[PDB]
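Spelled out from the first residue to the last, the chains are:
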Amino acid sequence: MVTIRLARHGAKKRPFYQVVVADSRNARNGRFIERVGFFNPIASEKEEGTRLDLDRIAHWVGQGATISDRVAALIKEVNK
Amino acid sequence: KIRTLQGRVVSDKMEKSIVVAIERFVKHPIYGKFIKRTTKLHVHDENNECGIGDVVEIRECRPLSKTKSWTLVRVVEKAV
Amino acid sequence: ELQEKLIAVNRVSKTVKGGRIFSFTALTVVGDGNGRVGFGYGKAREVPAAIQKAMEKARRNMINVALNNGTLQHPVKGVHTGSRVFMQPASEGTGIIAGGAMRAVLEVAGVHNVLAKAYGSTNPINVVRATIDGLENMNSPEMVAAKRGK
Amino acid sequence: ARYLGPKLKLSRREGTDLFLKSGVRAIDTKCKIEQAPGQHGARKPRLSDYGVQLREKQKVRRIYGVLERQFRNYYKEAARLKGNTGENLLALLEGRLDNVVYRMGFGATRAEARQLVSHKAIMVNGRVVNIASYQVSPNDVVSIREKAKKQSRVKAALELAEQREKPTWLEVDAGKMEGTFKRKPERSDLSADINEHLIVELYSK
Amino acid sequence: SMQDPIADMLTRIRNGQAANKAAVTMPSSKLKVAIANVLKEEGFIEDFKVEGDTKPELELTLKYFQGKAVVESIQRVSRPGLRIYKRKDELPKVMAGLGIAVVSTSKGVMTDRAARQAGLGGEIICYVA
Amino acid sequence: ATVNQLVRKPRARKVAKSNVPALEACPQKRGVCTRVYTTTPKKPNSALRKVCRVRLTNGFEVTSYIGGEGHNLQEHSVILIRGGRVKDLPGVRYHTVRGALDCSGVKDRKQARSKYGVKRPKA
RNA sequence: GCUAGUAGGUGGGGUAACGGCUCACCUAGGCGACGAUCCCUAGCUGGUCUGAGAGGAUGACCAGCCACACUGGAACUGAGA
RNA sequence: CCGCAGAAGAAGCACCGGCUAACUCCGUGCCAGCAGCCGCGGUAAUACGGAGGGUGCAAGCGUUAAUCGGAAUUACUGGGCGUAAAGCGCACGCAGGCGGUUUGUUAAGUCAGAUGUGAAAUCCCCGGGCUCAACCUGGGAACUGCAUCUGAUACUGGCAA
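Chains as they are written, first to last, in the UniProt record's numbering: chain P, 1 to 80; chain E, 4 to 83; chain F, 10 to 159; chain G, 2 to 206; chain H, 2 to 130; chain X, 2 to 124.
If you are wondering where the hints come from, they were derived from the structure by calculation, not from laboratory data.
Keep in mind that a hint or two might mislead.
As the list claims (entries may be wrong) - Cross-link-like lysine-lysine pairs, in silico, PhoX-like; alpha carbons within 25 Å at most:
no., chain 1, residue 1, chain 2, residue 2
1, H, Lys87, F, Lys86
2, P, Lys46, G, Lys183
3, E, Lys71, E, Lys81
4, H, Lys89, E, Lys36
5, F, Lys156, H, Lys69
6, E, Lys30, H, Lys94
7, F, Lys86, H, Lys94
8, H, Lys94, F, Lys159
9, H, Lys33, F, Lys159
10, X, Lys10, E, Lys30
11, H, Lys94, F, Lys126
12, F, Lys159, H, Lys22
13, G, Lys60, F, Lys14
14, H, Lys94, G, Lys83
15, H, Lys33, F, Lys156
16, F, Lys159, H, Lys69
17, E, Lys36, X, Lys15
18, H, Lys87, E, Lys30
As the list claims (entries may be wrong) - Away from chain H, derived, C-beta distances all over 12 Å, residues of chain F:
no., residue
19, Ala58
20, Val117
21, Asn132
22, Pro133
Positions of the beta carbon are idealized from the N, C-alpha and C atoms, including for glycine.
Please take these sequences and the hints and turn them into a complete structure.
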């Protein structure tokens, strides 16, 4: 069981999430498996705030991954 | 490869245990050269099939008695 | 053929029979801006003609170096005295990088971009022994080239 | 501090002329240079190597207005561009926003230009800019504000600039006071500030 | 008993320039032949002849410049007592940008330069320049 | 010399010992005071030099320099140690910064105040 | 110099599993200057700092691992302590 | 971000004998005291104390402690050892280290490529996002390594002759 989730590592009064594959039995900013891109809500189209990896995840989900509200709906914001 | 070390016996005083002595060329990055660092190890043997000073082939493997995890595959020669 | 400089400057002494002299002797260098530049020891019992006379004996000396574009092509390894002398080639972004005697003698000879070092005694009177060890010890593009001429 | 101390007095203590707080009417007429800063400023000492390096450093340092701490930051940015870091170093000191604006004739002086950068007078694009340590980008849009050309300071600050060489790596404008940082400062665009040799000695320690 | 053969070569080269011979003697061996070859091509020694027919010696002919020697950088980077190998991209260039180091590799005996883009690195035996 | 000797007998680099020990390993020390003496100095440099021993509160009996002018020191006075030393006094490896803790600074100092603590006047 | 569950071989038992982990018997070895054992010191690492590099020192915050949870000790539960 | 008066509310600390940038004047007179080091001071103190002036840093500065550097100052890179510190008093010799030369072989060392693997962050290169920078950040490189796989045979080691 892996758990794909957000992880803010960005400086104060400026969220920079990081969609990561971890496990839920460890720290949000702590122990990770491997990334699956980023989520920046501060992008507004002067830079790209995302990195997809659609492919990678699609394998991981079958491998028993779990998606949190945000992460799941964030594939949805960009659809395919 | 079964992690094969061409070692040289140095102890038949037990039956099914023979201490084989092997070395790797260990380098110092601060003396900046290789040397011979010889390390005796405790191998698990079929019975005995060799004398001392017997060049052999040994291999890694399961543990199966205290400080064992190498086996004798064959006795190369008694003397070179 | 001129580009006045001084380097070191100090005093020396002989004991007269009980009185003492206190002669001011010293090192200088006068440039040419392309090398051929020397050294002199200008004794003078007084201070001004101590560099006067040095710059004289500079004209009575020279060590030719061949070098190009302010960067001596050949690293220095040379040792005379207990002064170890060094210069690692730096194509760009280095000035002289020096506080030695070997600051000044590696500028006047037309030398606007080198990077330098020394080990050994700090003793400036033979920090000038970088002149055997970087001026007269050199290796030039055409120098090696005439080995290959053969 | 930001300095902003007794300006010219340093020109005095180095004996070298600069427009910093001088006019084009006073050029050491009714002002004085080098007569004797202090009661010992008349007589000249020979100076040790470190002597030269310190004085000379301060020469370059005060015709941008730049601090110590600031200068180090510049030195690790210079040696973090691939180039001659003598050039890179003095390129970045003439990369200060306060300087390019002065060198496009919008500042009376180097210093007065930075008084502008204090207030909301300077801008790049539609974006307001108040920080002077900003290294402008190749091909910039470094304009004055609408409601800043109406001030009597900004009108009078194109005035004192007039009749200078204005070393070109950039455009000098008067329709919209909007230039372009259209190539970098270079060894040729130094105007006898070639003292890159000194400070790179000083700094490497 | 010898501990370095290779020194016997280099030692007598610098010595021999200094001595003002025009060719010096010391015992050959296979490798030694091939070291004297790169020197020779590049120009570091005049020419060479090997009398093995009786007992091997590398009679290597000394090149002079005019009176001044051509030795100034001669030293052995390696030793028997510090056998060394430097990879394809961790091989140092020696003394000067004009330097020349005899370097052995898996193919042949070569040089700093040659060995480099020859897809190889190996023992830098010595250097002359 | 030769490498193989070093492979057995590794080369040192330091011994890990200060010129001046600190005997508490920190910037500053609470020490008491044991005796306010004024000895004459080591080496001939003829003066009166105000010294005092001082039993530190973490142990160690050490001797500290007294500087400035005036005093307030007592046999059970408790001082703030500057640390560091001066020449010409032997068992002194330690120095007292006045004008810190209870102790008073220099009476009537108006330049180079930080050295030997004391506030700048209102003027 | 050190080491008797000490080192190994047989056969039982135990553990999630291999294993003196533990047990019965048998052998008398095993380990050590290529530094055991013992003593002092110390959380360990990525790394950090410094440094031209090599190296040294160092291991705060940030991350991983290990241990510890008033002190000492023990098991129970449970996939896991 | 907009407006509001009005320079308004916003500079200090250390040092200036030499190292080391930066001098004079008085007070004191080996006393007072200074002091990182070398050393000052016993009556025109460029070195003390105060002042005047100046120099460098600056909302921080200095002082201390502490690490590394400089220091090739314990030297793998990068040292000496005749007299300066520094060759056992001298032999033999086990272990260890080193190994003349020729052919053949092996490919362990080694070199190359291949494949895993070297977490991320930190670091580094280019390039974005915060008014800029600090910081944050994207991709890539580094990740000095290690092992295995497959190749190479000059040297190194092993064996044979």
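**Request:** Would you pick out the hints that fail for this structure and give their numbers low to high?
**Result:** none
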